[PDB]
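Q: Below are the chains, spelled out letter by letter.
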Amino acid sequence: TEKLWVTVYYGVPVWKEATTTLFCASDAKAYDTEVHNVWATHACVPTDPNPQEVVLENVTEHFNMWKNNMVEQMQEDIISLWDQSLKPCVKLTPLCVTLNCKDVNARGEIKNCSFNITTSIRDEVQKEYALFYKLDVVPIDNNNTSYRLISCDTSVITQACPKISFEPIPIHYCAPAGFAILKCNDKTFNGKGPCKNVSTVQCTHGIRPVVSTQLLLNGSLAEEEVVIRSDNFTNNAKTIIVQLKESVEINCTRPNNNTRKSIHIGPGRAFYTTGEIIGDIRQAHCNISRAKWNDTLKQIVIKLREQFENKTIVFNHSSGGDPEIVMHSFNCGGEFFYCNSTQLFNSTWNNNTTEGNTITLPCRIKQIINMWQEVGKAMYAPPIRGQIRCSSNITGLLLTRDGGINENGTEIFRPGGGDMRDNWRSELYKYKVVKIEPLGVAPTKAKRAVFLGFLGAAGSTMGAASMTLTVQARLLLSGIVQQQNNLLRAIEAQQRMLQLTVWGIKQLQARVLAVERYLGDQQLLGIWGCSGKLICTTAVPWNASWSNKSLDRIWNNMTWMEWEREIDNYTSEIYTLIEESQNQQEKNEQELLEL
Amino acid sequence: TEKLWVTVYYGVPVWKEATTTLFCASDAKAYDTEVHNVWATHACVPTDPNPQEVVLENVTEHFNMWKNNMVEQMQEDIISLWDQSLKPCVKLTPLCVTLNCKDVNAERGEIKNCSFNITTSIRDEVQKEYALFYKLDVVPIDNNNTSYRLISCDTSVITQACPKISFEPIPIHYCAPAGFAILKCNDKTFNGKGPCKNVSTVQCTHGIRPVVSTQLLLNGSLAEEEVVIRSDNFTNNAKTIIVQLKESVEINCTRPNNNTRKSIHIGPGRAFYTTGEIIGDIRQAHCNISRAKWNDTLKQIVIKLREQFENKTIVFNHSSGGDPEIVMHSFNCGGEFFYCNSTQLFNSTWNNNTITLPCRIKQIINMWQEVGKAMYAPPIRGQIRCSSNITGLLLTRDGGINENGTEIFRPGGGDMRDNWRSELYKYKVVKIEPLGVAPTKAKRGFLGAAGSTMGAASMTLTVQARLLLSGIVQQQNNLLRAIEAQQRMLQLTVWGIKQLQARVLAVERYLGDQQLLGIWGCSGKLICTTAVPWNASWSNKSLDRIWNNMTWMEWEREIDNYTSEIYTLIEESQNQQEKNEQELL
Amino acid sequence: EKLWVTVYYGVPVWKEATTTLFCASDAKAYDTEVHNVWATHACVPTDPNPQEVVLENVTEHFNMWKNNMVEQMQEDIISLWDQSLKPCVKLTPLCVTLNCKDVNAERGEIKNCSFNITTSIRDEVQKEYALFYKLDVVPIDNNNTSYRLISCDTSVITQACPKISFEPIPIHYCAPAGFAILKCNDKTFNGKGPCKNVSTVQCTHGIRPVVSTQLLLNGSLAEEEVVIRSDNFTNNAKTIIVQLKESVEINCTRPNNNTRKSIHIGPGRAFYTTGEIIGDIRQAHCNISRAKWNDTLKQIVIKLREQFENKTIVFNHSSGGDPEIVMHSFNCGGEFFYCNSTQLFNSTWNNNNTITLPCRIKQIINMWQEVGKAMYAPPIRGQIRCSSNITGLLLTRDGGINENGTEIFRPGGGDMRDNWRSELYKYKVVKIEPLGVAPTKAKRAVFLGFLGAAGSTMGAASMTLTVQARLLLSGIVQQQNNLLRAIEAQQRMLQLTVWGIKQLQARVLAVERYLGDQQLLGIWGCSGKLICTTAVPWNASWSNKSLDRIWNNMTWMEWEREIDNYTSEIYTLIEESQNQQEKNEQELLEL
Ligand SMILES: *[C@@H]1O[C@H](CO)[C@@H](O[C@@H]2O[C@H](CO)[C@@H](O[C@@H]3O[C@H](CO)[C@@H](O)[C@H](O)[C@@H]3O)[C@H](O)[C@H]2NC(C)=O)[C@H](O)[C@H]1NC(C)=O
Ligand SMILES: *[C@@H]1O[C@H](CO)[C@@H](O[C@@H]2O[C@H](CO)[C@@H](O[C@@H]3O[C@H](CO)[C@@H](O)[C@H](O)[C@@H]3O)[C@H](O)[C@H]2NC(C)=O)[C@H](O)[C@H]1NC(C)=O
Ligand SMILES: *[C@@H]1O[C@H](CO)[C@@H](O[C@@H]2O[C@H](CO)[C@@H](O[C@@H]3O[C@H](CO)[C@@H](O)[C@H](O)[C@@H]3O)[C@H](O)[C@H]2NC(C)=O)[C@H](O)[C@H]1NC(C)=O
Ligand SMILES: *[C@@H]1O[C@H](CO)[C@@H](O[C@@H]2O[C@H](CO)[C@@H](O)[C@H](O)[C@H]2NC(C)=O)[C@H](O)[C@H]1NC(C)=O
Ligand SMILES: *[C@@H]1O[C@H](CO)[C@@H](O[C@@H]2O[C@H](CO)[C@@H](O)[C@H](O)[C@H]2NC(C)=O)[C@H](O)[C@H]1NC(C)=O
Ligand SMILES: *[C@@H]1O[C@H](CO)[C@@H](O[C@@H]2O[C@H](CO)[C@@H](O)[C@H](O)[C@H]2NC(C)=O)[C@H](O)[C@H]1NC(C)=O
Ligand SMILES: *[C@@H]1O[C@H](CO)[C@@H](O[C@@H]2O[C@H](CO)[C@@H](O)[C@H](O)[C@H]2NC(C)=O)[C@H](O)[C@H]1NC(C)=O
Ligand SMILES: *[C@@H]1O[C@H](CO)[C@@H](O)[C@H](O)[C@H]1NC(C)=O
Ligand SMILES: *[C@@H]1O[C@H](CO)[C@@H](O)[C@H](O)[C@H]1NC(C)=O
Ligand SMILES: *[C@@H]1O[C@H](CO)[C@@H](O)[C@H](O)[C@H]1NC(C)=O
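Chains as they are written, first to last, in PDB author numbering: chain B, 31 to 136, 151 to 309, 312 to 321, 321A, 322 to 355, 357 to 399, 409 to 503, 517 to 663; chain C, 31 to 136, 150 to 309, 312 to 321, 321A, 322 to 355, 357 to 397, 412 to 503, 521 to 661; chain A, 32 to 136, 150 to 309, 312 to 321, 321A, 322 to 355, 357 to 398, 412 to 503, 517 to 663.
Isolated chain B, as found in the complex:
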């Protein structure tokens, strides 16, 4: 009552949005390993499966799609994970020399090359027999036969180590302690904004690291019907994403059986190019029936008619520039296929207001692959002693708006390509992470049979949120190491090269940042003069300068998220005045305990 002796609270189920370093999870990568060269590309600790997942149904929150910081780290992580890969790999340094080449017909784009190379200490190789594609050389000296080397002006002599494999792994992702990822269990709800049905998630689903253009290889389904996600404010001038309800696999073909042919170059230097092919090569294709795709295009216009009153729907092909963006990068088999999709949008959509049931697409894989965000450091891959038929279900799409005005109601959808980020935004569009301040403080009250939610206490009955505070901490910050409890030193602590990892050093950074909160909290608990108690009734009465509500209403329906920001005017204010009076207690009995 009016005694108003304000009382601290430890472990209050509250949260603040914060951005801190992530954490990974690899039960499945720890479940099997043929060779650790993918683990060299993708190293992570297991996570003890069947994790706990809890629903918080009574509190909506504003989800901010397109603008979460969790996008930013995971993209810059993987580039660094691409950096560790290329550190031991050799640099193809003398290679921007001239080329004499003659074209080979089986098509018409495959060309062998032999030239006066000085590759080793000795052995001037001139019978060099090196087969290349049209797309992997720059045509120079067109009357002569020079015709070579796309990007050797810049630092592109990096190449792939042949023993290293590239097959992506579904990787779950967790958080360091004191942080919890929020998962909206509403269904495909918007492209930006809040949602009611939500939940906490400790560790997300698995994500294969996959990058493709205008196209969603091995993606994630939509349990609803087809949905769209946009920003819808600069909608006229911004590429947005498309999510598909069902999926279609596409089996994509084999050129022919192939040969590796190590060429003597130097110290660790022996790369590969094809000198032999078993038989006569067939044109690479990705095989699919039109009719299922014919079904999908109608489903698009349904979403288009939801946005547009009655606009015409047109599909031209995108412009000539950015050829990797124009085509479709299929990186399956560790091999970077590109396929012409001009056989896809011959049809523009008829406003309604089997001739070719199936379709295969013309394809050319490239042998040299460039870093996209800057100029320099292209990645070279060696050929395979084989021919690969990969297949992947396709679950989404990326398209441009193509903004303008031409015939007043007719707008075109040329296809839309992007960066690696927007590939990775899409699956993460149901996940946001917050931090935990377990401490709270509210004035006193009158008088001095289930598992519960982590945030359902803040979800509903914030007055009756007075219980279960401890177990809300025992998974989230407490148990500093909740990932593989006992802190399993495992196939990450086992068999790690150099002991200088992106993960473990950050993991070293992780657990230290865990405790200095908790200890520094408990420092502050000692500064508050009490530890080991959830509450501590303290010796200032609540001055009503801060608020004017009644006692019962606060223990009625007042959300913690409400109640924290009402008292955010007096954050350090309500801190300092009681601890100094607690320090005034400290100057009372200390002089008394001298005698």
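Simulated from the structure, these hints should not be mistaken for laboratory data.
Just so it is clear, CB atoms sit at the ideal spot from N, CA and C, and this is done for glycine as well.
Any given hint could be a false lead.
Here are the computed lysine to any residue pairs in the SDA-like style, where the Cα-Cα straight-line distance is at most 25 Å [stated by the list, open to error]:
| id | chain 1 | residue 1 | chain 2 | residue 2 |
| --- | --- | --- | --- | --- |
| 1 | B | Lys490 | C | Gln591 |
| 2 | C | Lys617 | C | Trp96 |
| 3 | C | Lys132 | C | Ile307 |
| 4 | B | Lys236 | B | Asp57 |
| 5 | C | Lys337 | C | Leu416 |
| 6 | C | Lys97 | B | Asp57 |
| 7 | B | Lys601 | A | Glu268 |
| 8 | B | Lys46 | C | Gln591 |
| 9 | A | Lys117 | B | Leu566 |
| 10 | B | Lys97 | B | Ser190 |
| 11 | B | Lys490 | C | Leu592 |
| 12 | B | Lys601 | C | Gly495 |
| 13 | C | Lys33 | C | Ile642 |
| 14 | C | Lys348 | C | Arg469 |
| 15 | C | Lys601 | C | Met629 |
| 16 | C | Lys132 | B | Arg166 |
| 17 | C | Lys655 | B | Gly594 |
| 18 | C | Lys171 | B | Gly312 |
Stretch-level coverage of chain A by chain C, calculated; a stretch enters the list once three of its residues show a Cβ under 8 Å from a Cβ in chain C [claimed, not checked]:
| id | region |
| --- | --- |
| 19 | 43-55 |
| 20 | 115-127 |
| 21 | 189-199 |
| 22 | 271-279 |
| 23 | 585-597 |
Following the hints, put chains C and A with the ligands in place on chain B, whose structure we already have.
A: Using the frame of chain B, we list chains C and A with the ligands on its own:
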């Protein structure tokens, strides 16, 4: 009362496995201002203060000590040490060079003068030098081409050894962090997977010197009095067979070769030490050893071998051909690479006087496993005169057809992981779980780990639990010079890194224990008693047998192996009640 | 009686120890996008308002030649320059001979030089004109057309990293926990002996990296009586350090409008040099105010003849030796400066306007320490001015025997270490650890005034003043810059930087002290308050101290330090006897 009233027993002596990298320790008299120059370890920077241990014998358990987790750390660790020293070393540019070799004054297969042709690094002068090199470490083609190519130049790079650093194996006491026990067994005769009556826990190992083996165990510790194999191996003939040894054997092996050094510059900061001229004699490295003792050992061997083979007829045959280094014995004293042809040592047959061994040396060493890493031997002047202790062997069931006496051993050189497995079979690393609650029927300095009911022996391990981070007690790491030796040179990040990684594990394990202390409102006092009823759904047994007939180990094994929810269930019983005494007081 | 022991946790125990150095940036006033590796692109911002407490009653010797923190910090800048050069490129193909011409006249100073090369892999040859000095080119074959770089024949050579600069940011060296920094506010303190007027500060003041040789600029002015420092005045082979209360500015600038040429080496390498010249060039001359330079030399021989009277001191130059030593090395904003000190020491000064400095510029910079590596300096476009105050000098004493008895002095220099010794005369960091016991005959305000308070008193205020010290032990935002938790969210960066290594260094050891403190709180005293932690057993037969409470009324904590030589084991004997009570209180609760 008859109800289960549970109450915390902190510090109950229970162990359970955990894989964890651990501490090391070395003598303070060993370093001699050359922590780096002795070997890559910086002579194991944390000191070895005291061996003060106790031995802990109540009962035996089969800790199946054959399969072992410690080794995999250590064999990873050693490779981390060898690239560590070799990283500031410099590469070799003249890799695949012709180098027409000639020998001085005809013994054959030796060092060849190879007339080193080179143009230097960035300058433009075709020079000629004196390349004095073995037949072994180099390869020509076609017997008319003097294309003496380097044996690994097509494979990978090669680098000089930074020759200030020597190659001495240091007796190192591999210790452990907090909450960790190193199991050992003073009972004799246990072969890998075994139990052990005379059993004990230590905090540090003895001063192990892990160095080099092809098939023989060198400078290793002795066995029991009976020369008996103490490993577990399946009866498949492809399973490798180690054996220990009682009688230490000592062999004189030396160089009749008094070479000089020569430095050859190529590039900036790149002068290359090579073999100079040899003073005086040029004879082959050999190994004097008494075969009568080898006769005396071999008789003592086969009797135990006939005992484990139901009186089979064992005949030793010389091993098959193959790799140069698996077959011929790369044994390395003085940091040089003796290869010894053991064709004198298995012309031997069984049914019911100073042998001298001709040897030879190659320079260039690869990893057997990762094909990208090669190491070059620096020339050292003088003549190497050193020996060894010999206390173990490794062979294999060969596997011929049964028209023989049904046992042939043709020896085999193997993987390195074997060589740490060779001694740690009597070792095991376990983790300690001072947590524990038993139902206690009440409505709210001898030895560390033994007994069935702890009168106060749990408190003894709390003293070990308060060896956590005292900063002053010499037993843990003393954290006084150990706290200062790391902070000076932590930039090395090879050896002190795991130490500070051990600090990481040291705190948060303890801190989570410090949490779960304060989580249940226990706040020390070792008891933390609660008036919470618990049903006999878990146990309808006499409480008295639970006290004394059984310990708390097997009681934890029996019913507690699953009741991990009781932690949460005693949490909420606290959590509700603490709110109740908050709400009522 | 008296129980002969009580625990008394918080007691100020100053104690010499060497821990890892800690520091923070003050780029908060700068916020430069340019990294400037010394600036660390703002490691961590500093405290605006620290507090400083002077302890008057303490005297203590502080050797200013046995500091660890100098060479540690000297090691740091060496390691700092490692993370500078290791990103950018080395001049590996550029180590070849070259034919060179003089542009005009001066008189052979500036050298336009030419060479056939293919820094490209695309297999061409052409002559590459480039503009140089006489100062960096070795002549070959009777000084004919053959020329090379002086360096690169031994060391390895890199290009300096173009996007950053070479400006020192004053920074506050500091301490996380336990240990702290000391200052002595008295004067004429050569670095030996004790001193009074002693303070302690948590951090340091803003300290800029001093790098120049034979010259001391932008540093400690210390405006009291002119003092001089050296190690051992018996030995002539000791460095003689000058402090001056006055600050002579010296303006020095580029006498040349110049441009940049960027020679494309190859893929992302792209060497930078000077493009051209606008007009003619001079030798970057400088002004000293010779009359003040007349004045300064009058001031210094006073204290010199105060130390050694009737010694007719004459100035001499150094012999022809090492160019780092014999010349004034100098940096200000980029390039390097080498001015002749010959025009100083024609003066003698035995008994009683403007100036010119011909100056030189070395492009290549070899390894100061031993041999290993070398650095190339690319030029900067346009003219650059620099005027800077001079605070001090380094000198030496010759050793040849005079029958005139003259003390001949010549320029002393050639150690990057002593630039750090130049500032750290006042500064010492000792461990402070809160533990200390006392047999007390009990019934059985100044802020951070630790040693001003006495072990004689050990007063009730001395108790609460260590309560202030355990207020220092806990860290949150703005009590602690590492536990400034706003920067902790900002610190998403990699910690592979040496400074980031210092972060993960200093934080955990601060914790495990505070843990190891908190580990020993309960097991020793079983109390939160430091006094009521008491022990019964009468250490008389083995503490063995012929004293009393009335002796303790006039004592000190160094007595307790002398007690530690005798009783260090007795704490463990106390602690097992401390264990004796709760093992008998256990059987009260056991049965
Ligand atoms: C997709 O839509 C775009 C425009 O909405 C079409 O681009 C148009 O292509 C035609 C054919 O080349 C262009 O016609 C020519 O234009 C030039 C320059 O204006 C003119 O001099 C010629 O006489 C001829 O008319 C037209 O300009 C161009 N429009 C734009 C805006 O670029 C494209 O053809 C459509 N895709 C398909 C498959 O039809
Ligand atoms: C400053 O320091 C220099 C270097 O120590 C002193 O140079 C020395 O000057 C004397 C006086 O001329 C030289 O003596 C000469 O010796 C030759 C050969 O015996 C003789 O032919 C001359 O007549 C004269 O006696 C001495 O060689 C020279 N030494 C060096 C190393 O330069 C100089 O005297 C000092 N001056 C002052 C004012 O301190
Ligand atoms: C530092 O002080 C010196 C003086 O000791 C300054 O040098 C003086 O600079 C002026 C202007 O640059 C010179 O005057 C010029 O003389 C030439 C030749 O007669 C004339 O053609 C010009 O129009 C101008 O009148 C003066 O001769 C020169 N004297 C000396 C002794 O150096 C110097 O500029 C000062 N530097 C700074 C940064 O303050
Ligand atoms: C590419 O061209 C090269 C050279 O024109 C071909 O290499 C020749 O192969 C035949 C047998 O396969 C040899 O007899 C010749 O000696 C080779 N040439 C040289 C210069 O040695 C190569 O077969 C051609 N490959 C393709 C796929 O077109
Ligand atoms: C709200 O999210 C919850 C999960 O947080 C969803 O709960 C699932 O609901 C279905 C249908 O009742 C059950 O099959 C599942 O077992 C429920 N999961 C759990 C955790 O209980 C619910 O479907 C969501 N609602 C919306 C509209 O998507
Ligand atoms: C006494 O023990 C039994 C057996 O463990 C408990 O039965 C469990 O009760 C929960 C609900 O509280 C059920 O969800 C479980 O399925 C039951 N277990 C089994 C094996 O059927 C019983 O609850 C315990 N009694 C009390 C009062 O806690
Ligand atoms: C050296 O040059 C500096 C740079 O101009 C001179 O400093 C100037 O001094 C005058 C007179 O005191 C002032 O009016 C200017 O404001 C100062 N400007 C700057 C930028 O400092 C300095 O006086 C010169 N000294 C000598 C000895 O030449
Ligand atoms: C609980 O809060 C809601 C939200 O304002 C309100 O509508 C409702 O009336 C409250 N309950 C009572 C009993 O007033
Ligand atoms: C057979 O083994 C027994 C011991 O089991 C031994 O007494 C006897 O000597 C053995 N015979 C052979 C031939 O070794
Ligand atoms: C020393 O301490 C005394 C008090 O004991 C004080 O009066 C005196 O001023 C102090 N002297 C200084 C400043 O060191």
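Q: Next step is simple, just say for each hint if it's right about the structure.
A: Each hint tested on the structure:
Of the pairs offered as hints, the one joining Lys490 of chain B and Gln591 of chain C holds, with about 20 Å between alpha carbons and a cut-off of 25 Å not exceeded. As the CA atoms of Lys617 of chain C and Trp96 of chain C are separated by approximately 37 Å, the hinted pair breaks the 25 Å bound. Our distance criterion of 25 Å between C-alpha atoms is met by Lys132 of chain C and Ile307 of chain C, whose separation comes to about 19 Å. Taking the CA atoms of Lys236 of chain B and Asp57 of chain B, the gap is near 32 Å; set against the 25 Å cutoff, the hint is violated.
Restraint check for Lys337 of chain C and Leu416 of chain C: satisfied, since their Cα atoms lie roughly 15 Å apart, inside the 25 Å limit. Our distance criterion of 25 Å between C-alpha atoms is met by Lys97 of chain C and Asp57 of chain B, whose separation comes to about 24 Å. Between the alpha carbons of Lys601 of chain B and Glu268 of chain A the distance comes to roughly 57 Å, so the proposed pair goes past 25 Å and is violated. Straight-line distance between C-alpha atoms of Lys46 of chain B and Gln591 of chain C comes to about 23 Å, which keeps the hinted pair within the 25 Å bound.
In summary, the hint linking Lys117 of chain A to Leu566 of chain B is supported, as the alpha carbons are separated by about 19 Å, within the 25 Å threshold. The straight-line distance between the Cα atoms of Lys97 of chain B and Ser190 of chain B is roughly 48 Å, outside the 25 Å bound, and the hint therefore fails. For the given pair, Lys490 of chain B sits about 22 Å from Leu592 of chain C by alpha-carbon distance, which is consistent with the 25 Å threshold. Distance restraint check for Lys601 of chain B and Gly495 of chain C: the Cα-Cα separation of roughly 22 Å lies within the 25 Å cut-off, and the hinted pair is therefore satisfied.
For the hint linking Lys33 of chain C to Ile642 of chain C, the alpha-carbon distance of about 15 Å falls within 25 Å, and the restraint holds. Pair hint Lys348 of chain C plus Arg469 of chain C holds up; C-alpha atoms about 18 Å apart against a cutoff of 25 Å. A C-alpha spacing of about 22 Å is found between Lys601 of chain C and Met629 of chain C, which places the hinted pair at or below 25 Å, so the restraint holds. The straight-line distance between the Cα atoms of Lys132 of chain C and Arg166 of chain B is roughly 21 Å, inside the 25 Å bound, and the hint therefore holds.
A threshold of 25 Å between alpha carbons decides the hint, and for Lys655 of chain C with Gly594 of chain B the separation of about 21 Å falls inside it, so the pair holds. Distance restraint check for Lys171 of chain C and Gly312 of chain B: the Cα-Cα separation of roughly 22 Å lies within the 25 Å cut-off, and the hinted pair is therefore satisfied. Check on the region 43-55 of chain A: 4 of its residues sit with their Cβ under 8 Å from a Cβ of chain C, so the three-residue criterion for coverage holds. Interface restraint, the region 115-127 of chain A with chain C: holds (4 residues with C-beta to C-beta distance below 8 Å; minimum three).
Figure legend: the region 189-199 of chain A, annotated as covered by chain C; annotation consistent (4 residues with Cβ-Cβ distances under 8 Å, at least 3 required). Residues of the region 271-279 of chain A with a Cβ under 8 Å from some Cβ of chain C number 0, which does not satisfy the need for three, so the listed coverage is violated. With a cut-off of 8 Å between beta carbons, the region 585-597 of chain A has 7 residues touching chain C; three or more are needed, and the interface restraint holds.
Violated hints, listed in ascending order, are 2, 4, 7, 10 and 22; each of the other numbered hints is respected by the structure.
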